[PDB]
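Trainee: So you can see what is in the structure, the chains are spelled out below.
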Amino acid sequence: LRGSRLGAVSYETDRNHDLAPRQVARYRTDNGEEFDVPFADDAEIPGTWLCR
Amino acid sequence: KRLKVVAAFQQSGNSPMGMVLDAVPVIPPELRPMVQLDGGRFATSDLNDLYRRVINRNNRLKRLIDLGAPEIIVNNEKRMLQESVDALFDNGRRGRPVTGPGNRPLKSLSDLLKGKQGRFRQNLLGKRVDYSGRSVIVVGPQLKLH
Amino acid sequence: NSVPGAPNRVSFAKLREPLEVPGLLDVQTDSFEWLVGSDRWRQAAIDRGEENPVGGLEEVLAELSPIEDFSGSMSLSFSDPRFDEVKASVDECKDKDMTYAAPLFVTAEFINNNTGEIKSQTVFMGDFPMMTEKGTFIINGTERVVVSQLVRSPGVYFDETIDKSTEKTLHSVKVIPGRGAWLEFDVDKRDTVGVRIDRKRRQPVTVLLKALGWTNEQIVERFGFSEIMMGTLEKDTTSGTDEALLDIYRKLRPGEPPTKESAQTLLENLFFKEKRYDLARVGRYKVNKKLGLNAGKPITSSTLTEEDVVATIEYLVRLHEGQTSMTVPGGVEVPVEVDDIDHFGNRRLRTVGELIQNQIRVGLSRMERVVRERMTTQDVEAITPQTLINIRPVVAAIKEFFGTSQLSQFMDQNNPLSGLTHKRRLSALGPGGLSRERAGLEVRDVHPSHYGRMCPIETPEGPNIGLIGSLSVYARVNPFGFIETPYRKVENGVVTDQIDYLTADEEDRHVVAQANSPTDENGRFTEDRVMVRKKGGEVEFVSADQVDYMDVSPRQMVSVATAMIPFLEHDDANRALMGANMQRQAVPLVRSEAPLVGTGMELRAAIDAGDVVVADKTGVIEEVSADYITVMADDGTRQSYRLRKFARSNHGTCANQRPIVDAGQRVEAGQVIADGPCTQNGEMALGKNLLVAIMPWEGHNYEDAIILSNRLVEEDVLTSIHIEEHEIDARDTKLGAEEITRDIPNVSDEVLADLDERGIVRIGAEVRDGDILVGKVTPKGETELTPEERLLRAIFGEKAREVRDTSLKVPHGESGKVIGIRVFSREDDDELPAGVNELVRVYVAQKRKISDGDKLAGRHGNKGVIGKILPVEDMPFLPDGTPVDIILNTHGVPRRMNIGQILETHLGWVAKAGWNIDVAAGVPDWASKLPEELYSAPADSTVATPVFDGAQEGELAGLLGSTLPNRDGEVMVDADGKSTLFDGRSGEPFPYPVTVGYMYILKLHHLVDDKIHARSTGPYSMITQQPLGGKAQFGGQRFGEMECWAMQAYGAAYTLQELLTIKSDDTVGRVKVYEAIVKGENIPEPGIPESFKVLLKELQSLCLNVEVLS
Amino acid sequence: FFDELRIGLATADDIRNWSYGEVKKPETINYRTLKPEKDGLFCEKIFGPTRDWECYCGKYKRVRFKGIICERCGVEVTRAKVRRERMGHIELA
Amino acid sequence: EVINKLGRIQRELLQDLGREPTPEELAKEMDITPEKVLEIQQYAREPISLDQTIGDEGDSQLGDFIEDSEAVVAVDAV
Ligand SMILES: [Zn+2]
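Residue numbers (PDB author numbering), protein chains in the order written: chain H, 6 to 57; chain Y, 294 to 439; chain U, 21 to 1130; chain P, 6 to 98; chain S, 312 to 389.
Here chain H stands alone, though its shape is the one from the complex:
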């Protein structure tokens, strides 16, 4: 038998010396906890976010 994980796997080399700029936005929840989310420089940051 053979199957699939409903996905795909590749082998492109991972790099960290050249990465996109991140403008992290921090969201505060009603319960008082705060969570940070890194978004690209394109902005369009949503006013509300579903946290962890």
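It is worth saying that the hints were derived from the structure and are not from the lab. By construction, the Cβ of each residue, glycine as well, lies at the ideal position given by its N, Cα and C atoms. Careful: at least some of the hints might be erroneous.
[Unchecked claim] Over the 10 Å line for every Cβ pair with chain Y, so calculated as not near, a few chain H residues:
| hint | residue |
| --- | --- |
| 1 | 6 |
| 2 | 7 |
| 3 | 8 |
| 4 | 16 |
| 5 | 20 |
| 6 | 23 |
| 7 | 24 |
| 8 | 30 |
| 9 | 37 |
| 10 | 39 |
| 11 | 40 |
| 12 | 41 |
| 13 | 46 |
| 14 | 48 |
| 15 | 50 |
| 16 | 52 |
[Unchecked claim] Below are the DMTMM-like pairs computed for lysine to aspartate or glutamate, each with C-alpha atoms no more than 20 Å apart in a straight line:
| hint | chain 1 | residue 1 | chain 2 | residue 2 |
| --- | --- | --- | --- | --- |
| 17 | P | 66 | S | 381 |
| 18 | P | 66 | H | 19 |
| 19 | U | 509 | U | 520 |
| 20 | S | 316 | S | 335 |
| 21 | Y | 409 | U | 1061 |
| 22 | P | 40 | Y | 342 |
| 23 | U | 1113 | P | 9 |
| 24 | Y | 355 | P | 32 |
| 25 | Y | 407 | U | 1118 |
| 26 | U | 949 | U | 541 |
| 27 | U | 837 | U | 786 |
| 28 | P | 29 | Y | 315 |
| 29 | U | 754 | S | 357 |
| 30 | P | 66 | U | 802 |
| 31 | Y | 355 | P | 27 |
[As the list claims (entries may be wrong)] To list a few chain U residues with every Cβ distance to chain P over 12 Å, as calculated:
| hint | residue |
| --- | --- |
| 32 | 70 |
| 33 | 147 |
| 34 | 399 |
| 35 | 451 |
| 36 | 511 |
| 37 | 690 |
| 38 | 771 |
| 39 | 807 |
| 40 | 835 |
Based on these hints, arrange chains Y, U, P and S with the ligand on the given structure of chain H.
Mentor: For chains Y, U, P and S with the ligand alone, coordinates are given in the frame of chain H:
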């Protein structure tokens, strides 16, 4: 005998909050894979069903409290939630086990590491290895000892 | 006289056979014909004196009818099943992948009491599989066999136990029905009596006895003689004829409301009414003879009565009392004894017919269950048998039995002997029987009752030893399912010509003499005392006049395979078992030769096997060809026999048949006209007879290894043909349909040079491993090519097609020539699976020669792998120049206790070179017992040595001394069976003479080709991320805990870590190590195996705070 | 480096710290597209993408977006192997 | 609801004709194409569990013999 447990809980670095669960963790999906066999036949694991049982009831209770139903139905919902969590952790430890299609108890989180199979007995202390082979042997008298 | 055209094989037999070997496939055909109520079966049953015999189907239909609606207003009945004709022939079913079956028709009748109008007509019941002429079934094209299952016979069996605390003996009785709830009566740990029903709470017998209507006075009157029964009665305190029923209700089934009527009905609801409890007509018979009840008259009611319970209680009481016999008013006197569980007076075999009957009964029970609702759902005017009868459940059950039951197994088709022994197998396993995990050591032990019924030698050597047996040669099955065996009646001390078939219990009543005992021409015993077996299964000397029966032949106790081992007496049973098992693994060779020294069974074994073709009518051959044979019978009819050529058996062997007749030859009915795979002139030929010298040779035959001459490779002496089947299916996917096309992406134009115009490999082309057999492509979907791949595409003039290559290819290590292709297409109305558009099957045939590592074996349990194949000029050779073919080591014979191979070698040498005993001054002393025809023989003269009536040692020595010379008029082997050999390498003669002769060896199916496998890297399991196992597609070897212990003992810390992390489940480490090896860099150290990460995640998910501290 | 292994007792805070997102629905995958359903089991927003360096909405499909969390569906551009390392939690009423 | 209706019609037709129906018959009865009938049948297909035993023995499990089609073949990756 009671002092044994009391001292175990005394200055042991852990609080007694652990025996009451305010939330339960979910195992990563790839450890409970949903895969499509060759020919379109899907395959899953029982852990998914046992998890859904916990979610569904947990949702229904949230409705019953929202609707302000009398305490009988809310109490029944809480009891079923308790039973569902118990089945998720150790299916069959209390009452009859929950069974899936056919007739077989659903494997729980405790059943995949306690029984004859499971990590502690199986998939540990032995496994298959690459760069290996096997074949029939015959006598060679022209060889040296090495 | 045996077979019309049997070859003349002189026999050393000294005892004349009073009875011939019966048909070896009868155990299947007779049972199946009983099931379907064949006319010849009915005639045979009438010949025995049966009043109105009834078949299995008729019996089940009669027990089902009449179905009623619990109101008495209407009834449904079934009767007279019938079969019209078979849908298709055997070969057509086999090649079209369809079941060999016939339609079943039964006449149904419907009655309405309120009006009297009755409607009767034939109803279709379904396609029922039919037994072929050879005792097999064809299911979905494949050939299956159903084995008989040994089971505890229903009845009452008494047992004795000892309480250890008091060390006191006590007795109990258990009753087991065909269907129902079990019950037992028991004696307590100290002078008390108890009873249990349906495993429920233990209760005294007095309560049950009172609940059945026996008042205190009646109980005292009947059981006043006993001591413990009266003691318990005084100890007992329950009272009342009806109140006892409530007591039983609360003891067995407490809690539920004990209404008086419910308790009154419950006791008879599952014991005394056939609706829920039944002995299946065999338990009834067993109880009738055990207790002597209803002697001489059958009982239509197979269920329990009230008389039998009290009879069993009386039997148990008298057994506990120490009585030797007991009697019941109205019956007959019977002895009082304990019953042993393993005695064939208690075990019975249910054949294929009874298993199919049980499955049909379950299906019909489901059918009537549905009909019960359908009665109420319908109304009087619209209800009719066609609408009222639903055949789906019975058809489904029948389809389930053959395709799922453990008893129904793939036929073993290595050679005719293997298939013949498969059909005669006796299995203790299967549903309703024992289990390998629950099988104790006691049930596997040999028992005296097996003599003449189940062979003690032939049994698997694996964990299934003793659980799987083999039916004896002369054994036959009684209608009740008990194995009978024939014995010669002895009257007034002289053996009679009358033969009686006796069961084990019937045999125990008498003392049986052995056929080997000597008798005069008039049948009177010549000796004063006779060797006999007694009731207890013990051997003794008994007076001549005290014997009642004598064995039919010395072969009575052995099976078909065990009877094919010559000199069986000189081989220990342990090695005889090995020889019998290995005779069933011989592969069919390209050319077959019958054994030079045989036993005489090989003839009847082959003809009954079913792989040979025998003429059905006396006549003259019209024309002969490699494909078909035409016979012109005397009466004016013409017969045509079609021979299957190069057909593939279930185990991948060749099934080629060839004619042995020529045009213008007159043949007789039953004469063999075409040989099967492992036969020569109608005689079973599993191997080859070759020249063997017994000596150690330079250590190349060390530890059971074998040395072969290169001649056996040059002349294809041990060459075989193996045919493999490869299958590929084209079935549509969500992204589009996959199709078989000649053109496929990213392949050279030379790869598809051997593919037909429609993309299938051409017949006759040689194919290696990895070669394309069937080109196929599948839709791929999104491309998302990496930029480097797009650039490379731009460099060349190629573009990415939307299809993946998934063509069929030859597995690794496989090769040969394509000999056949079969194609099924949905476009041509073929019975393809759901979603499958096309199916292609390709057959590849390869000719395998004998090579190093192949396994050879004799008939005496002597086996070994070929370690060296020497050139002809290197082998030791006889003084006349003949080189020996095989060399066997001396050291292996003496300890293994299989000296029969030495006798076989001597007699084979005697047979190859003819012999002539001088009779100048009368017959020599050692030749007094030899028959006349054995006083001379030419070269290559085949001889027969019956298994227990074969050649004696003195005769063999004399024949060795009286062998004919060679062409040069000089003897090569002296009277000791030895000869002076010359060394092929140095040329000097060996200092001492060596034993030389001819031995028969078999080529086993443990060839190297299908066992060697290796793996550097390959597929990985998706769940456990470890290399997957199996022989196919680069499986990996397992490193168990014992190997880990050995590594730890060596102190090899690094090798163990490498084996457990790098090579098994270190996902990153595997690729990194492969990269390092290919590039030629230092191996990186391993990380964390996936197993430990999964363990940590499981622990965390189980609410455990497992953490790692540095 | 490994020195010792400790097995404590897990509280609600520990489970919430391990959790990457709460499971709200019993959904596993779409019956028609077979993609994982959001906010439920197999959710890619919580347990990670099913395809290496891709995104559920497909906007991001290159390694350069490594570490970026899509603002349209909330998936993080990371290798699909991470789906066997990410854990969720269920809040009980 | 569509699946339930298809099942009920299939049971009715099977009971009326006794033998199994055909995709053409279902298409004719339900006023949908046979391919749509096959699609509904596929949508009604329930999955199985990897935890089921396999190999005619109780030790092995079904998931033991499933290849990882997405595994990173080393020779390519290098
Ligand atoms: Zn997105």
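Trainee: Classify the label on residue 835(U) as holds or violated, using whether its beta-carbon is more than 12 Å from each beta-carbon of chain P.
Mentor: Non-interface label on residue 835(U) holds, nearest chain P Cβ at 39 Å vs cutoff 12 Å.
Trainee: Holds or violated: residue 316(S) with residue 335(S), Cα cutoff 20 Å?
Mentor: Holds - the C-alpha atoms of residue 335(S) and residue 316(S) are around 17 Å apart, at most 20 Å.
Trainee: Verify the proposed pairing of residue 837(U) with residue 786(U), using a straight-line Cα cut of 20 Å.
Mentor: With a Cα-Cα distance of about 5 Å, the restraint between residue 837(U) and residue 786(U) holds, given a limit of 20 Å.
Trainee: Quick check for students: does the CB of residue 24(H) sit more than 10 Å from each CB in chain Y?
Mentor: holds, 26 Å
Trainee: Between the alpha carbons of residue 66(P) and residue 381(S), is the straight-line distance 20 Å or under?
Mentor: Since the Cα atoms of residue 66(P) and residue 381(S) sit roughly 18 Å apart, the hinted pair holds (cutoff 20 Å).
Trainee: Is the claim that residue 48(H) lies outside the interface with chain Y correct, judged by CB distances over 10 Å?
Mentor: The claim stands: residue 48(H) keeps its Cβ more than 10 Å from every Cβ of chain Y (closest is about 32 Å).
Trainee: Does residue 39(H) clear chain Y by more than 10 Å, comparing its Cβ with all Cβ atoms of that chain?
Mentor: holds, 20 Å
Trainee: Can we confirm that no CB of chain P comes within 12 Å of the CB of residue 771(U)?
Mentor: holds, 32 Å
Trainee: For residue 399(U), is the shortest CB-to-CB distance to chain P above 12 Å, so the non-interface label stands?
Mentor: Correct as stated: the minimum Cβ-Cβ distance to chain P is 43 Å, above 12 Å.
Trainee: Would you assess whether residue 807(U), listed as outside the interface, keeps its beta-carbon beyond 12 Å of every beta-carbon in chain P?
Mentor: violated, 10 Å
Trainee: Verify the proposed pairing of residue 66(P) with residue 19(H), using a straight-line Cα cut of 20 Å.
Mentor: holds, 13 Å
Trainee: Taking the closest pair, is the beta carbon of residue 511(U) still more than 12 Å from chain P?
Mentor: holds, 83 Å
This entry does not satisfy hints 1, 2, 3, 39, going by the numbered hints stated previously.
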